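Starting off, we have a lone chain in the form deposited in one PDB entry, written out as structure tokens.
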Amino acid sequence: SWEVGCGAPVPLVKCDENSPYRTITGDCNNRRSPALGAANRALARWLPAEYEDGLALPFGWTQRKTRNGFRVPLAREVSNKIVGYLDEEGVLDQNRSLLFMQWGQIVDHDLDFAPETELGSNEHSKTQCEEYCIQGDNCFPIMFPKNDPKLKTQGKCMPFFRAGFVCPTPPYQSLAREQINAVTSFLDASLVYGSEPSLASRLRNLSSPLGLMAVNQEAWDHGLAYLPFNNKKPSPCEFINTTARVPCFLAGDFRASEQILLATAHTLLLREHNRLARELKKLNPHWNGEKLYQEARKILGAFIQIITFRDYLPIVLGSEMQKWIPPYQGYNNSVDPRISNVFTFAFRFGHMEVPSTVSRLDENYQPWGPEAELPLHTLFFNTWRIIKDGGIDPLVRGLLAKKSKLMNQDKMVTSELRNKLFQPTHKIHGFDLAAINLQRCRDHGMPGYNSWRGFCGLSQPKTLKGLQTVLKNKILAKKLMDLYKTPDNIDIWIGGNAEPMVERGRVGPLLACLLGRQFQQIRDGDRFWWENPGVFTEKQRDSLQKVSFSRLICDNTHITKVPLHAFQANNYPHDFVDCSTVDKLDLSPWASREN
């Protein structure tokens, strides 16, 4: 079975045997083994890595090496022949807001992140890959099939650097290769406060004593705060509009500015943190800075947990929610709190829930301005459309009153992500999220679809007709088979996302299981979980399960009309109510009468 505890690139520094708030890094949540959950650890393996050479070469690296006796089809071919469509008409979800899609990506970003191998940006590494489409070491380029329009227009490939792997990063050569999770595995707002201690206090207002996060001093949203601007030049948010020179946002998470609505969701959360930390100096004026940061950090944490488990997961998982996430029976410190390698592919069902356009809505939820609807792809690394063109209230109104994309076996991923993705260093709106997600299953040595069906106790099809029956779809099945030649070779991402959806959910049985088990684990293995008796006082708890995303909007924007149930498809006048009609976070039980 072998390797016992390779624990290299980490400063070990041990634990603080009480510290009534979590570490920034996730360390010390588990007392038996303190690294469990922590960031800059290997993603857990639910099943063994599958590589060409059984060590680190991804399937389809060496042309004349099969997988179960067949070549693997090019990622981009799969993307083109299965994942593509033209007609955005009739593709939206009549019963899920755009908030449904946005929260997905919020929670996802809190849980897992496998950054690329740097290994030098003062090298051809970037050139030898993008420019010459040469496969080598960490350069794993997405080759185009023949008849591909990008042949005519871009080149022979689109760049792809393999994901960060533990012990070194300098090539390792003995046991199966394991990618890193650079955020804390715990639902702990790590995407707001950082997963490394350095960044964590950079994000903080140390200047004053009040316990705030650093807010923007260049620019404001009426009275209301923006995220601080991100140092690093080069900036991609600058690059897409050279004229506006509005750089990316600096959040706890580095993907914060990937698209306007996620930077938007980030901007609700900072505001809430500060809002919490004023109310506390209001009620507990003796409490110092640290105590106001951490005690606010603690509430926002529980807020993310409730919304997710109470509002989000029940409408992702549906019928299968109770089967996997039965009621809370308290902290089981034998539960693995870690994100699994497979879960970081399971959670990308989200990619099929992203619609082709984002609107900005006025106070009567009508086109704010003449350019109110925009193509998704203009909004990658787009920060200027926020500070120079209406703030967040009009984007939040969109989120509330526009709909998420329904996954459709025939219309999987909008060409806004499948042809027009911008990547932070490549200067063209010209990449393919879908082909990337497929190259990446291989990079991360993922087991085939059947292995994972196997894992969730579900049939393993070997035949076209066998596959028609599970996907409940003839032509989807024919194509998969024509490309993969066996269901054993189908990449977990696309495999999983081809299954019809479970009753009252937005994922299939295979995904429901993988996702179910993980949210089960991330709740049960968390020592700092909000419902874990002792973490919060019972009155604090009685206040907390009255919180609403509606409520989060009301206190952190100049928006006054909000739905009760912000994830269901909600129409203006009717399904919207006044903010006063909405339960608020009563922090009276936080009052410290130490005097």
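Positions refer to the first chain, counted from 1. Here, rigid core means the biggest group of C-alpha atoms that superpose within 1.5 Å across both forms. Residues that one form lacks are left out of the comparison. What changes on going to the form deposited in another entry:
- Comparing C-alpha positions between these two forms after a rigid core fit, one residue in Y172, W384, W287, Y328 moves 2 angstroms or more. It is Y172.
- If you fit the rigid core between these two forms, you'll see the Cα of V10 move by 2 angstroms or more.
- Taking only residues common to both forms and fitting on the rigid core, the CA shifts of 2 Å or more between these two forms cluster into runs of 3 or more residues at 1-10, 119-123, 168-173, 593-595.
So the form deposited in one PDB entry is up there; where is the form deposited in another entry?
Lone chain follows.
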């Protein structure tokens, strides 16, 4: 809306209705509506956008204009009064490994990306946003409230740029602004391969006819491969250590080097693809480069789907799993596969699962060297600790043997994320993920907490007493009322995350509904879902059902001891078995001749 920094619509393409392979963009999944689920379209709207002016201006843009007769509290102020805490002791999740957190980020990145408006480089805009805190067009700065310490050290605000949106089209009549999802809505390993054909090709190794992904040629992990470097300048990964000067990786997803464990995970996935391609070349010597790439790509996709629905979702959704994701009944071509705008806020529950440190463990799962445990903030956009400080194995061990943070109404987001986040475009470890999340809810025209409760068929609290009952927490409810005045005004991100978790789950009732629904649609609406008869042969599916993240690690690292259930809290050596005892992926059912 207004067209300043909008995204150009539908570079068209004709559909191969008989191909056994996903397109890269996600077009042609749905036959009747080939664009559903494709990258670079408007995120779906489950409820209509809510803007100050009804078109594109977010609530809190204009000081005089209230929401339902009340000013919205500052994002940073909600963060300070509600989201922060001091004491890291006792915060960890005793029945979830750190791989629980990290898998969620991986899934999230497969499904959605709403990139900030390209103001351009060379920006006086960035300057005006950051230095002068001048709100206008794409600049929607996060202003510091009264007595905020950042006043004394940072300035009047943190910069924030509005999300990219769909261009208005030749009718040109007035419509609410829709933000773009830049990645394919399908759970399709797009974070490995890309959602855009040009990037997808640049990632491939087209020098050999082997259907491999390109690997780093300047650095190796004791023989094993790294992602290639991103040669785009300037590099945030160089900026954090100018001595080291190690650039970011180049992956199927732009965000791959945001933090060291995410870059680690992207590494495992790349290695898995190359492994799969080599194994398939031995089984089918006649298969060409294309066929090899497509087939391993198709296996990796199913791997991510199986881990997510079998291992991850049950431990997020708990008792609500069955209620939103009943057993599969085949492809339903009437289901909307698109990711919804609100899902991209609901899935940010992950931010409350990130602990304040990261460890490198040695082969005995003991602290690796003198600085084994690092503050998380030092690991944003950090590639040098991988390339120059031991490769990925010591990080992978930490994933297995260390724990996720548990969400806690009094201990929501670690200060590493809340005070010291580094943004790739800027220069300081000074940003606030919580305040950004809340600013972003408004950027995207999110209906408020009570609207979503209603959508989910849940009671809608009107008074302090009502809120207390929902939150089962009198103090939090009061602090929310003091800031927001009405529950109707509470931003969906803090609203949904505030609720106590469902039985055996890690999210509250509002979020289990919003997530459950989306995941159901992600499965049921996908023509290439792995369990859709015809996608894979029955014998292939029998093989696939044996995959695990533990096997993934065994095959792609020099780690030889792993737990059988990677996602629960596991202690060495009690909970760890030799790799040789762990189920393998049998690729024999992929063997194909013509005789």
